[PDB]
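K.L.:
Listed here are the chains, written in short residue letters.
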Amino acid sequence: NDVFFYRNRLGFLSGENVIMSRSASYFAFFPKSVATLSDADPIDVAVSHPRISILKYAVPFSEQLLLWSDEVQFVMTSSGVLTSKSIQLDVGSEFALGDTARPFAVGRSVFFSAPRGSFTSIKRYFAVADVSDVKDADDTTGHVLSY
Amino acid sequence: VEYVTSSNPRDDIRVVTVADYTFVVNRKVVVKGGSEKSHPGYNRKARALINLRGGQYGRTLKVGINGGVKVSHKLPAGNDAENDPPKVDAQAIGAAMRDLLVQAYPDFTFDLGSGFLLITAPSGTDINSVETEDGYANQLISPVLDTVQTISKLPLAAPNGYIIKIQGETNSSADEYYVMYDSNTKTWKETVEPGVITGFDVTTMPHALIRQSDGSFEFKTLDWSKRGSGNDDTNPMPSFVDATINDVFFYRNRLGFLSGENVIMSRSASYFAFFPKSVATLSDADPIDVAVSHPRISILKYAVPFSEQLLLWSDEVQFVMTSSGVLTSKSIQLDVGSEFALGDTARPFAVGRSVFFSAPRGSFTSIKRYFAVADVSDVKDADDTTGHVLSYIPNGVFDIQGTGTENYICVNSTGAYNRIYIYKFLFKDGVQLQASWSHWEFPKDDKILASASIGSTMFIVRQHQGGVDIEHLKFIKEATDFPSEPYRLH
Amino acid sequence: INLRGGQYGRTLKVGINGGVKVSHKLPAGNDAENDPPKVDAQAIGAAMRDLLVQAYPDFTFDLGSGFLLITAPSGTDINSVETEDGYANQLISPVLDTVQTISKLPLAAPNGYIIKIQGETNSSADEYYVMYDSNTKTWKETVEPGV
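Quick note, the sequences are listed as chains G, P and C, same order.
Take the first sequence: its position 94, counting from 1, is numbered 438 in the entry's author numbering, and each next residue is one higher.
Take the second sequence: its position 65, counting from 1, is numbered 164 in the entry's author numbering, and each next residue is one higher.
Take the third sequence: its position 53, counting from 1, is numbered 201 in the entry's author numbering, and each next residue is one higher.
Looking at chain G on its own, in the form it has when it is part of the complex:
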């Protein structure tokens, strides 16, 4: 579904799995040897939620990486050096969106669409100031609800 770049590693998206290649080298998805385990090996994990989701877009924002689905939004992080044993994915928000237009980024905000009954709405994705690690969404077409 998509291609992205992160931590000097190429990656793909498919189903509910995140796949990353080896370090430095970009066109290799197989470990060098089985006898000895190294710290530069391909990574493969899985994520699932009861609402059922399929990953469709990858967006970098605010010194982090975000993976978006049609009902849930995930956050990727790690504890120390990023290896196959220390990668974490978790849930951050539960908004709704559509899958026909790529999100656009300007300044410190992200704009995305959200279809409705017979019209469309445009929302803005920002970060609350006083508080840390709190993402919020706001609606810009509040007054003009049928345009």
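Hints in this document: simulated from the structure, not taken from any laboratory.
One or more hints might be untrue.
[Stated by the list, open to error] No farther apart than 30 Å at their CA atoms in a straight line, the calculated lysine-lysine pairs in the DSS-like style are these:
#  : chain 1 : residue 1 : chain 2 : residue 2
1  : P       : 429       : P       : 479
2  : C       : 288       : G       : 429
3  : C       : 264       : P       : 376
4  : C       : 173       : P       : 161
5  : C       : 264       : C       : 252
6  : P       : 400       : P       : 479
7  : P       : 479       : G       : 467
8  : P       : 325       : P       : 288
9  : G       : 467       : G       : 479
10 : P       : 131       : P       : 325
11 : P       : 285       : C       : 252
12 : G       : 429       : P       : 376
13 : P       : 523       : P       : 467
14 : C       : 264       : P       : 252
15 : G       : 467       : P       : 523
16 : G       : 429       : C       : 264
17 : C       : 264       : P       : 264
18 : G       : 400       : P       : 573
19 : P       : 479       : P       : 527
20 : P       : 136       : P       : 319
21 : P       : 285       : P       : 264
22 : P       : 523       : P       : 543
23 : G       : 429       : P       : 288
24 : P       : 467       : G       : 479
25 : P       : 467       : P       : 573
Using the hints provided, position chains P and C relative to the given structure of chain G.
P.N.:
For chains P and C alone, kept in the frame of chain G given last:
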């Protein structure tokens, strides 16, 4: 269909869809163990082995069984030059010992192998001890029955299918494991102690529902793993053996179950294995099992992910789960977060950054909202939404639905089967701007069985006197349902 | 079949697939002009080849520099080889496709031979495959055939 037979299908059956399966759980059946054993027909007190390794000159050897009489055999000197060297070979020594031992004990059975001598016990008799004598420091003839101290003491060869136990060094800290021998490749491999139960009773464990290509459905069971390790005390059975399961969740690439006051997770990257690979060496991909208790007494019932955390809820206490580094079986922590009370008849619903749950009272129910305070770090509060209206919703709530594009919540109940209560809200910059309570109404003698929403549509199932009907309800604007209408008829 | 060393007053026996077993007896040390030349490994290998030729007329035998090679005819699979020696398996030892540890590797082999190393029981490791080079007399990791 026998796993799904009950009397109250509303508080017994649960449905969860994780991975690529649809799980069905009936929280009334009690799990039971299997009825299959380990290696069939392998007596541990019937055979013995004596190693053969080299020889010397002018030595004497003696062998005794069960503290009985001892035979004797003397090696020659080196005075001769053409007969002494051939007599020191191990095979000749073994043959001579067999010939001597045959007469002494006329009840056993002796056989010669490729560097070993085999002794067979007759019928109902158990070999308990063997004593041997040699001139050197036990480096010519040494007996072994079922146990060795280290790996280096293993015999050179043995008949196929032999089993030996390794105790290990005294100073070091380790475990006990069992090893079997192969004849074709002449190697050793880890196995399981004989006389141990391995498996679960499949027909008392969560089933699954799958869809084929033609559109039909099927109901089947699941294939769990089996034991591949030592004995009971080293590798005990999991906790959920004589209890009931309540919920199924997913976290950190590991499947999880809930039962009693215990949390159980499987191995990494494997969703159907609850047993470690080996006892000889530890690893960081082994199943986890812990326990939690509070003086107020509680039973875990629901698991809810929220705000990059996982929360476990009971009827009086709420817990928070975290870890210090890489999540292992020795680095998991559980703590106490809140003290609010709640009921156990409707699953909590999550919209935006809030969670809605019910809480019964004297004669009427109440609805609360679970959010997070902004300025403060990691504090959770609960606010009551039905504050001004306190005598509105009757008792018997059994469903909570909603939608995140129209900002409303639907609540059913058992007091009235022809009403739907609706709550409307709107948030902006962290301050609420609207809160209204009202309800709809249908004809008198009717029952509303279900009402769920997908997008901007509501599906309704109604049971009137004639039968059962299914209907739609849209939210269009400047439009008509059918093409040829003057306007939207109500 | 490995060839290494020799002694006095020892007997050797070899069998294939649980068939008949040949025998050969080493001389004693009473003489002092013919005994030493009859303990060399190469002479033992030649004698064993000569004895084995008559026993099994279908198989093919060849003598190498420190090893003896057995070739199966057409559609026949070698499944077991048994040997006998006076000492603790330090004169003649058979190997087919598997060795417990690295130190059990044969001294030499024909070019292109592949051997599988299982590993120690107590240790935690993985299974890998190794190949042999005649020109440099070394060993290198490779890939299992038929994949």
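K.L.:
None of the hints should be skipped; say for each whether it holds.
P.N.:
Do the hints match the structure? See the list:
no.	hint	in the structure
1	P/429 - P/479	28 Å, holds
2	C/288 - G/429	29 Å, holds
3	C/264 - P/376	22 Å, holds
4	C/173 - P/161	29 Å, holds
5	C/264 - C/252	12 Å, holds
6	P/400 - P/479	20 Å, holds
7	P/479 - G/467	27 Å, holds
8	P/325 - P/288	17 Å, holds
9	G/467 - G/479	13 Å, holds
10	P/131 - P/325	15 Å, holds
11	P/285 - C/252	12 Å, holds
12	G/429 - P/376	18 Å, holds
13	P/523 - P/467	14 Å, holds
14	C/264 - P/252	25 Å, holds
15	G/467 - P/523	20 Å, holds
16	G/429 - C/264	29 Å, holds
17	C/264 - P/264	26 Å, holds
18	G/400 - P/573	28 Å, holds
19	P/479 - P/527	20 Å, holds
20	P/136 - P/319	25 Å, holds
21	P/285 - P/264	18 Å, holds
22	P/523 - P/543	26 Å, holds
23	G/429 - P/288	28 Å, holds
24	P/467 - G/479	23 Å, holds
25	P/467 - P/573	28 Å, holds
Every hint from the earlier list agrees with this structure, and none is contradicted.
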